[PDB]
Amino acid sequence: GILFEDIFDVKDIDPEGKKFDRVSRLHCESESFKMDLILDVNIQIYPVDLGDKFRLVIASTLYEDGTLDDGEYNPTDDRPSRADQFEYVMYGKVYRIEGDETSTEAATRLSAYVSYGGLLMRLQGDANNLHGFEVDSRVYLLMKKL
Amino acid sequence: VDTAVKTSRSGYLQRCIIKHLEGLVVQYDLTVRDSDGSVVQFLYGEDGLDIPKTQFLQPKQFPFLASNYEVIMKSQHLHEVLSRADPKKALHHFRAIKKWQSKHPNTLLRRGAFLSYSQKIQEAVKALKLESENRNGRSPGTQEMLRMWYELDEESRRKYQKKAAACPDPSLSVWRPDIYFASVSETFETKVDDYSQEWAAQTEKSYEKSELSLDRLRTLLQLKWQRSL
Amino acid sequence: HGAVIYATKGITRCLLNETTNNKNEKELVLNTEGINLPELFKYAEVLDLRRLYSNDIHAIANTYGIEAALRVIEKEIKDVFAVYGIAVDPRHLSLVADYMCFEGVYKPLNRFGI
Amino acid sequence: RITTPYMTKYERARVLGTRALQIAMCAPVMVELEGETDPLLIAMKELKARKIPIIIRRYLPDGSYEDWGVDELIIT
Amino acid sequence: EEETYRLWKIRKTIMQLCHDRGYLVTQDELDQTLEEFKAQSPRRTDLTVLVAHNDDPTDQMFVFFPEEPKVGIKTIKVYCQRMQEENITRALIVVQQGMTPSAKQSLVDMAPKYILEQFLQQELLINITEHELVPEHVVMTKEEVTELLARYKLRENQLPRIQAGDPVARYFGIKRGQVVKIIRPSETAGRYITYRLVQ
DNA sequence: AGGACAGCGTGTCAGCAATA
RNA sequence: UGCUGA
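Protein chains in written order, with the authors' numbering: chain A, 3 to 148; chain B, 976 to 1204; chain C, 1549 to 1662; chain D, 51 to 126; chain E, 4 to 44, 53 to 210.
I should point out that these hints are in silico values taken from the structure, not numbers from a laboratory.
Don't be surprised by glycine CBs; every beta carbon is placed ideally from N, CA and C.
It cannot be assumed that every hint is accurate.
[Claimed, not checked] Ranges between beta-carbon positions, derived for each pair:
#: 1; chain 1: C; residue 1: 1579; chain 2: A; residue 2: 107; range: 50 to 56 Å
#: 2; chain 1: B; residue 1: 996; chain 2: C; residue 2: 1593; range: 41 to 47 Å
#: 3; chain 1: A; residue 1: 34; chain 2: B; residue 2: 1049; range: 45 to 51 Å
#: 4; chain 1: C; residue 1: 1579; chain 2: E; residue 2: 117; range: 41 to 47 Å
#: 5; chain 1: E; residue 1: 196; chain 2: B; residue 2: 1109; range: 36 to 42 Å
#: 6; chain 1: C; residue 1: 1592; chain 2: B; residue 2: 1010; range: 43 to 49 Å
#: 7; chain 1: B; residue 1: 1108; chain 2: E; residue 2: 196; range: 41 to 47 Å
#: 8; chain 1: A; residue 1: 18; chain 2: E; residue 2: 143; range: 47 to 53 Å
Construct the complete structure from the given sequences, taking the supplied hints into account.
In structure tokens form, the structure reads like this:
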């Protein structure tokens, strides 16, 4: 049920200068794909630093066995094989997909904006591998440092 | 001190105003009449459309009505009103207006039948009128045009008239905005055209599925106008 | 002191406020502090006599008619409210101006108007 | 025959008021009330069911009038 | 040679005024420049124009440009004779300083037999009808006013009034009792239409 | 008929004492 | 008429 998987590395910890309290906006950049990631992460729970790697996955289900998710949260669920190889899991919805600006050029790149309650992420890169996304679609953002 | 004095004057100003404009109510024929029937306005705001309801009929608020289209039709107008609407009388009027304004880009150019029969101007100035004076003050060359036009033209097929006729009168004037669908103001339909053209060219590059068509958005806006009346 | 060499009736001083626009900054305006509409008609080639404006509303109503004084009334009320950020909807000023100018003249909204 | 087909808000208000003042004066309720003691709630219940035999007589500014039925009037 | 500029402006304005009333005027007269006006025509008796009406070819109008800066009763009679003999009914007297006050009630005294009308020369230097704020006026026909009164269930009184001395009722030559349609270019509704009874 | 002028006008909102 | 409250 994965829509995207990659190994990023943090390049900038907060360039814009807007600074929130417990949230930090990481500007990463993929390896072997040259995809770009802007990611608001709660750093009180999950400290992140510069020059740090992490395996990042976006999914539509946590079960990794096909069964869809029901949209209800039970902390009592008896299926416990949901992806737990990951330290930081989020859960948001994609709210904007916008093909890149360049006209007269191939420019078949897409920017997918995901909201995780209030923590935004933007995945930018070749459209070929951002097809699984679509506006109003719920997705999980699993992460695991390396 | 200024507060006290200002309020003292404002109270009197408002009392006078309220004591003169109090009997003006909108009638069942949409005309603003006084107590004795004297017509003050033939349409309230010059288009009807009381103020509080015209807040979202501004452009720049259509991308909101378009996004929330399903809720707006279910919650208010519903599929019932959209299909109980017949827009032909008003739609044809706007087509006529558009054709006219297409044939006359400059609407301050002195249209006239005889004025339209000044294209022979060169035909006359070449050789015909070269010999005269200002007979009765008009010209030596104007009299040739008067003679050629006056009775040396067809009886009923000298129809330079149609090429020079008035713009159809505005729709709200002829087609009763309340009971007539699609009869809106000339400044609203321009906005709706502009937005439909700038919205059919956004759906093309949208990466989100839109299940609304330009001609359902048009009916939505026309109903939302007809109901803010 | 009250002996004046020569003056246009009603005009006390002119002045050219160089710029009035950013969109088409090239605009120039010949503002005045008096009011004589006909004594400007002679300069239809120096100045634009369409776009002529005055705050008098009785002089406009005498040189251009009452349907032209309606809009001066509306614009005057709007510009009076604008200096404070207030903004009354045009549908109200339209009705006030249509009632004031109902019977062909600019009639006051006061004890002699009733 | 030429006025608007819908029921203006002032007409709804006056029709509800009159139907309520009638119900309160012991008039038969054609709406099958279900335990409510307010005559205005009953009048709204009747207006929603399209059971009000009243004739709105819209007056034009010259004395001419048009008689509409409360049933034949689009309540928004 | 500023007298010629004034004469040319007044003649252009009177040609526009005669075209707006529905008289047969050619494009060249309405688009005549100064260099060609002065080429054609110096005087103030060969500026007199005689114009015909679209319909009713007998119905023509005659524009005067008196020499006397202050026209009087005798000046009025001298060309009321011209009108009576040439068999015309309407006239238009452009005066340079005014009319002596008795003359204004004489022009009024001449019954529909010979209806005249005066215009100051400073009133014709520009076409007020071409101002931004002045809407378009249209004299309604006797069969459109009836349909208006029937549609709105009106009476002819109980309608807004336009003064008979209004600078745009004097220009369009509208007699009393006539209703004029007015197309206001409105920023709110585009092309609002109003009606005013001339009185 | 150029004035001189005498002549009407209004003025947000409720309480208490107290006294005509 | 002197006070007072928005």
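Against the structure, the hints come out as follows:
Roughly 53 Å separates the CB atoms of residue 1579/C and residue 107/A, a value that falls within the hinted 50 to 56 Å. Under the hint 41 to 47 Å, the C-beta atoms of residue 996/B and residue 1593/C, about 44 Å apart, fit the expected range. In this structure the hint that residue 34/A and residue 1049/B lie 45 to 51 Å apart at CB holds, the actual value being about 49 Å. Between residue 1579/C and residue 117/E the beta carbons are some 42 Å apart, a value that agrees with the proposed interval 41 to 47 Å.
Remark: the range hint 36 to 42 Å for residue 196/E to residue 1109/B is upheld by a beta-carbon distance near 39 Å. Roughly 46 Å separates the CB atoms of residue 1592/C and residue 1010/B, a value that falls within the hinted 43 to 49 Å. The hinted range of 41 to 47 Å is satisfied by residue 1108/B and residue 196/E, whose Cβ atoms lie roughly 43 Å apart. A hinted range of 47 to 53 Å holds for the C-beta pair residue 18/A and residue 143/E, which are about 48 Å apart.
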